[PDB]
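Next up is one chain by itself, shown in structure tokens, the form solved without its partner chain.
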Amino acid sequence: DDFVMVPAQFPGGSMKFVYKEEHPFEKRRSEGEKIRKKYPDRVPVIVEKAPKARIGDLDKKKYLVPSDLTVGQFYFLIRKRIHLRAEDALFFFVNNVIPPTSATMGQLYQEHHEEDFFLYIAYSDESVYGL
């Protein structure tokens, strides 16, 4: 009867990550399934610098994040890990879009997790992914 109202702001596609190139899909997927069962109130997240970003790199890519943590809290966390200056910008991208700062990480996971059961976030100094 009714139409599915496809959102005007629908995401882009998945993004390339060095992490996905360096860890075979079936190994990631098996790990993701297991970590979701072990910590069901947390979400597994891979965080990587976007292509062409001019910003410090993380020493750790893998984060197990409480599902109620907001995207804003996760920005605050990442800023501190790379000692961003007060005047430095930080943008996240999931499936090519900037996620809402007020979303929870659990909400982002539900909408954007990939087939390996991970959520992938790219970060940048720029507001356009890959620029």
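Take the two forms, find the largest set of C-alpha atoms that superpose within 1.5 Å, and that set is the rigid core. Numbering follows the first chain given and starts at 1. Residues that one form lacks are left out of the comparison. Compared with the form solved in complex with its partner chain:
- In this overlay on the rigid core, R85 has a C-alpha that sits 2 Å or more away from its partner position between these two forms.
- Taken over residues common to both forms, the rigid core alignment between these two forms yields 85-87 as the one run of three or more consecutive residues whose Cα atoms shift by 2 Å or more.
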Contents of the next structure:
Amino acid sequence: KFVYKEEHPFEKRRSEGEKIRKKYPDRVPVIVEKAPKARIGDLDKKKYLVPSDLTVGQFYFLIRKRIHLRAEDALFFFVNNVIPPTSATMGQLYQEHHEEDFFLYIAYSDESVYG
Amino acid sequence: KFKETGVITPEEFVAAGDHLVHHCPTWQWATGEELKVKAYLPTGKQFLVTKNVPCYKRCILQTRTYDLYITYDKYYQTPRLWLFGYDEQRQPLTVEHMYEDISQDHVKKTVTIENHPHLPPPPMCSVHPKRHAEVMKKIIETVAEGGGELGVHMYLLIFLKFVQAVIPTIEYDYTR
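Show the other one: the form solved in complex with its partner chain, since we just had the form solved without its partner chain.
Okay, now the whole complex, with that chain kicking things off.
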């Protein structure tokens, strides 16, 4: 359900993901896109290369700033229809949910249920 | 009627809550944590609480008790149901155990595990009010087509009547 999985074929994504994971082993490639029916600002950038030791809660704060939100505005991440805990690191979230193209896909919205 | 059919304003939420507490004294108002008090609601009437609601079977008896809450969601302008459960030994149920009391239709669709907006952790289950206004709007118009009228006071009574499908074994009060 990701636009990046349509503009890039599966083989081109896997080749880039394998090479990126090989070049930068302490970093993980992440794709972030807005939910189709979300009423919040959009992201000018969707391909991210984030450090493994970066916590999911810290990645919340970066994505929050990139769409110009405050601490009171709602924002939720969805990885395979699961909200990850803010205490887990991006390296742990990647090892558990990265697709066969070696990319971690994350969808964001202002609702706890993106549907 | 209402200011906007389907949703509810903070004053309509108090009016509907005051009628629920009157009709079903097992529900009561509450304030919650001081730092999480909302200014558009009376400090004494922030959300509704009912405690030790029996749950005899899942979705000899292994009876479980539930604390249920009804908070106001300014985003959707609808109520929002919250629930937290205990076993027979008064011990807090794990997340996977509370899902034994949530019907299969809503376990992954309309139920989340978030912090109560007025209380400290541990997080609790919550029926998401994403579709509530659309359903309550259809109900209000149906009782009007039937010759009756769904007053502001009985909004939460009808709301509790229909969310029962999400938790059909948690026996909270909303009648008699």
